[PDB]
Amino acid sequence: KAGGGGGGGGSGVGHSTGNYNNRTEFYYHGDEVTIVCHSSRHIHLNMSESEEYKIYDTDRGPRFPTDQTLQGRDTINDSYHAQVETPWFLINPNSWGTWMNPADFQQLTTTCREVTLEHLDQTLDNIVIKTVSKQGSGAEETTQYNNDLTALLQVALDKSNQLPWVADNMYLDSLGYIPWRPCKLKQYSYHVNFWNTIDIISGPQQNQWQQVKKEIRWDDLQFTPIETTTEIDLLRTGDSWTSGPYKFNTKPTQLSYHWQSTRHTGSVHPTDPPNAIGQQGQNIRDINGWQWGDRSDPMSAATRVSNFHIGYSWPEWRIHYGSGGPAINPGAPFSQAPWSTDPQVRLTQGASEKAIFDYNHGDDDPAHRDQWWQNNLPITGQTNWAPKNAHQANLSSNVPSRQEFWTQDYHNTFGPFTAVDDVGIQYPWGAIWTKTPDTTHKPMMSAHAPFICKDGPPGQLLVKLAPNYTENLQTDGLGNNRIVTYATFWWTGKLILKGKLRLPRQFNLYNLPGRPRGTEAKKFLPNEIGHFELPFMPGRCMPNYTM
Amino acid sequence: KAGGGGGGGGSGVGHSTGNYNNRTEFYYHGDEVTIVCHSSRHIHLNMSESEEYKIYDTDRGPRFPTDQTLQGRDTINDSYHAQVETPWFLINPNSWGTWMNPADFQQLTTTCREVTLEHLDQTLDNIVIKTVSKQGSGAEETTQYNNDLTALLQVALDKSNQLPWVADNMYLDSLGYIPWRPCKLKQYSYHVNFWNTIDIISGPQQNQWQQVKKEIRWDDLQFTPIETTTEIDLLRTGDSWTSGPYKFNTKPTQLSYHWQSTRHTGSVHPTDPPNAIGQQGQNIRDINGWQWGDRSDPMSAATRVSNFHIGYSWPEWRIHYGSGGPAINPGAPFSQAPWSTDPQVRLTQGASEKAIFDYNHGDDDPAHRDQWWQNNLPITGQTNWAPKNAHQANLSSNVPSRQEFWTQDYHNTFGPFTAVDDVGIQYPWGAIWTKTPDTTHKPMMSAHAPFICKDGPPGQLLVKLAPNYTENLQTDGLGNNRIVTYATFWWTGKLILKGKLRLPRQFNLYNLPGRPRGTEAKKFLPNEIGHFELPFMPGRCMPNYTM
Amino acid sequence: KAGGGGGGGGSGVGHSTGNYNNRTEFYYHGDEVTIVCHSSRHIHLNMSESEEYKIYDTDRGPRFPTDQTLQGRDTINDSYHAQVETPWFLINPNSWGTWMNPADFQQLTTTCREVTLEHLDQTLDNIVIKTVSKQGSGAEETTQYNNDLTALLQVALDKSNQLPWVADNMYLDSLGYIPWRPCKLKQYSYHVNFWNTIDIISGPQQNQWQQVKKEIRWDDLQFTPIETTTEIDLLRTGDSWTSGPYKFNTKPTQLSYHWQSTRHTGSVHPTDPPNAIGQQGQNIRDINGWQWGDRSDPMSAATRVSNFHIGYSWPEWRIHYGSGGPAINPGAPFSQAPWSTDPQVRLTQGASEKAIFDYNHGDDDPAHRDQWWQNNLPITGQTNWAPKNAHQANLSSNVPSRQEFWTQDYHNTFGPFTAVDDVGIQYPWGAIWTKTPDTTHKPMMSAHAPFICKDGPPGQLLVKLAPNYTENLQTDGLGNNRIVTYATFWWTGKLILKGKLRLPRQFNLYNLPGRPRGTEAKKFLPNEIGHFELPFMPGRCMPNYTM
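Chains as they are written, first to last, in the authors' numbering: chain E, 23 to 569; chain Q, 23 to 569; chain P, 23 to 569.
Nothing false has been slipped in among the hints.
Which copy is meant is left open, because identical chains are indistinguishable; a pair holds if it fits in one copy or across any two.
Using 25 Å as the maximum straight-line C-alpha spacing, the simulated DSS-like pairs for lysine-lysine come out as follows:
#, residue 1, residue 2
1, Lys-181, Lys-516
2, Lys-544, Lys-235
3, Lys-520, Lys-269
4, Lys-76, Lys-544
5, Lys-236, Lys-410
6, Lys-23, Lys-516
7, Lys-76, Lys-545
8, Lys-273, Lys-464
9, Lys-235, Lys-545
10, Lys-476, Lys-520
11, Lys-522, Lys-464
By construction, these hints were calculated from the structure, which means they are not laboratory data.
When you get a sec, could you build the whole thing from the sequences and use the hints?
Here it is, written out as structure tokens:
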């Protein structure tokens, strides 16, 4: 939209075109809260490695099998793909923690039972473009950094969402979480049409993996540049840019976790109360009610009829093996905590996720990457491990035979009576919103991002540094035609949220097994070098009743 | 809301605070009907066994295995749970037959093709509280029943639905179906957080069952009393109470059953008509149309393409084994009548249900409980027995090989093209409405209750009898501190329905295999002692076309 | 004021004169919150043991010395006093936890940085008076409990505060903390003028204790009854009573604890930063600034001048030994945590306090009393142990001699430059408000109760049960003249608070060493008998900056 920026007017060289606001404000009126998140980053930008659009495919990636030693079980290591590489760089606000710090997100999840996205707004200002000049040889080598005052920054935004939306925050290409650190960008690219099909049932014994088709699909290939698609704003030093307001159309995410399964949910089995300490209740044998099958005499609560069912079984860790190669079809998130005996054995089957991140995304070390693995421990109550289930021919007063009873079947149990939950907010490293795929059936829930954009997602902000060519422009030349140039500028954004107030639903005091536990707090705080970690908090934090 | 009651004003001792209306009215205007159901019960109430809230767990219940004799197949007998027991008693209107009698529900299903819930309203009036006084020893023992005129009845309603909704009518804790009989209440309780996880694939051969975690989860436990949650109305004899109007937001239930499968549904296979008696039509061999696979020559109606598919396969009688223990994941209701050969063999696999009930719920005997088992016989046309299905590699003009054809696979076949039905109304013993679980994905249908409340369910009416303490109040005392007290009062309620008129869609006369068959009618009518049975009628009664 | 009550009108026998509201509401608008606490109790009342006002003195109490074995150090065990005993009973709302439950007080201290008292209001309704009648002898003994409908309850309130205010909640005579349990009252009494003076420096070696004067002072004695002082309302069953609104004039209590001493407070000593991990900063030797004495060269931060001083020294555990006997002169509250090495050694010297309480005040056991001992661990930063301090003759560049340096002096260090804090809210067992003593110098702070009433305290609600005399009234008779009678009625009160919103002042996440720690949570929740504990929370909970 071009625009203004920050608080400054900024006309020409020597005037600032905007200010710095990283503050977050909470506004409580009645049942509702308004969270206004301001986020401001200082962005470093280099030249595009190439001024050309490039279409190429890749290798398989590390650990992919070169033989049948593991019989194709490690073909899940396939990173093969094909892409266009666009000279443009992407500014991605979409993560939690680009916006709120650990104390703000704690404020959010304690005071709000749910939250929704309202508005987004963005500016770019205080553009500084410099060229580097090297004068010397070995020792006399001296780099001079000169302001190029007439050099241009190129800015493109998609309000129309005509470019392939890829800014999902997977791979964590997003603005850093630490307000006082600089952000380098990464260069925009998207997938083209390719076939990658791996046959893992190949061979005589059907134990061998084989490549079927791996190629780029050139006759169907869609190449859309930035230049022929969106308006590109050209900006000098005294110039600033605003996106204009964006309005989210989304659905609220609930900030509590549900502990109830169908055995926790409805009317309780008639019970004789204990009259003494250490005594237990006794289930009444003769009762009336609804059982499932022809079953009558064992009035046990397991076979009580229910209206709905909480959770569903899945072929957990499903590998798809489609066109484009194997992917994972997630399954429902839940907690393996009810089944966990050995702390050394790590049960991943609750559709758990793993965050790999770095210094600017909340790792306390450079040169290395910290990990997390959120296994969703509070989300018990959907927990369904497919091998733990069973089915039997009939439900009656009679126990089935060995041949009428089946176990370890790995069936999809999602159906019309099932009630499930999504993951919710993973605070530091999780994405905020997502684009909806344009298909006849649009997905019901999201496996990661808590907010699904009903119309468009917020437009992708693409910046490029216009090339500074030398006196001699040769068609054969690439980066020898162009002067070495880099920019620094300032991104500011404002994201507004609307929460619903959380008030106590219980008599007893709310407990917490999360981060506020101390003695671990030497990290999460800067050290003598200024290095620190950002803690994980779930969006689903306090317990709540399902029904 | 406190309130009035019945038709009487009732100021003080000696004035009646309400009247008795158990009449049901039908109002026919045009295409629509209005059913106004009045229901009035005389309610007996005793002291709370304890004035304390209690949290405890239970035993497993009867028939649960103590060993591996049945290898864990009888772990489906688990009733283990954990609950709070609240001193309050629950008044539950939610059942059919608390409202309509057998002649009213016959009037409903014959004249209406569908019905929806409109309003609910409730009153409590004519409060009588008495204390018992025993004077004598063995023979001289004499019980005197004295009016305590200043004693209080406590009434709490949830309009906000802040208490755990458990009044689903499972276990048939509901107001009785016979207008002239008294109703004892049962004491309100709900589930707390507990883990019950049974590993049935345990052991070396994976044939043994093992307890993994069985406990109460105290750190997540939510304890919500009635006193800190809702307003409690205190009522003496000359006092009455009204709930205020409740408005249902629901979806109509269809009062007909569907006999069409996908073989009954669309265009008919081109056929040569018979010209004589005892002759049959002949399917035309050379026809044009859409088949499924590469199939061409066998133009058979089985492989005709369709737009949708009626019914879905399920791992029938799925045992979940989640946190909280095993439960059943229902599957779609349908009729095993097309597959039933032996009347002695009872095929339960259509998601059939079993009602166990007693004297006030429509059993003609006290001291024993009658049973029903509704196997949904008219609901043929969804009938899908998973072992009866198959799948094959290709569909072509060629019959597949033995290795290309699979049977007895127990797969969930629910998908985007499927059309299914819920059970509908089971008249005497079935619930009317249900609460929706609060989850990211809310269930599409209900496995039992025909009406799903979109906003809240009707609030739970909880009554308690305020304790009458003796002169000496000791903290160590429980029921020795309190005078033996009981109450009788009168519940009145009005439930309004809106039906759509059913008019004849066919030339031939509608037949009926249901209850109007006589010679069984000596029951269903009182006998010389006044004992009688209430008949079962389905909400889905007359046949109708699906498409 | 006489009045109405609850929600009911209640005219005559058979109408309820009020309802039950124990709910607490939070109202968030902008920077401010409004907490409306409703509290409703069911109160048991017996006859006054005597219808007479009695003036008497007592014994010394247990553990008081009968000899010089401990040389008078155990004369701190003196409970001797003199009182009038008034036939009236006291209803005391003044405690936290009569009002809020553990989840409400957690809501308060997390969302509010400070809170103040606004209004108080009280009602009494649903009066039930009964007489007991015993008929039989040994086995035939039978107690009949009859409603006496014309019997009276007597109610007196002081809006004028003309009676000796003694309802300070010390001794924990206050309405119970559990909404669903009954409350017995205790009979009102206050001190008269007496001399108790114990000389502990008596004897030749000044090691012996001696009684100087122990007596009642009859010539100065002030006897004020309830009857000649306040209006007494007489109430039957169909009657109710309201106090009218009371408005608090008080000062807000701050809900955070301060960790800063004078070494934590102002400008920081000039320091050379560490450039590596594991390295420490280095204090700069040559700096400029203000030191205290003639001191110049050691520019150390200990001798930096400050404007104020946080905390003061005290002759900790001062025993007063005045008229009326020994008492303790408290000293400032603070935390011994910085000095605590042995967990087995309990350092009491921070003006710590000890709560002894029972079943209705948050003990999980009857027949025994639980304890707490709040030692104020977060309140480090005032911590001043008098023997740990010192003083020296001069402050210079020279270290003083052995004779110029003093230790262990036990001096009061309170003065014009000192800044201190009070304790704040001890949630379950602490008092809310207090009366100010009427003296030329009124106290600055309070050693226990967080709120000091500037004008009057809320009036004392005194109830008595009017005596039911038998046919024969003899002047010699006491309790043989009167029929055995008891009452039960319902107290309702509404207390309103105005908090100031707490918003995050820090980047890092707030940690907590308090109660939300689980694994201790099996208590604090009811058990199979319904017994549970109430947790302690401080009013000063989160950290905050002093300056």
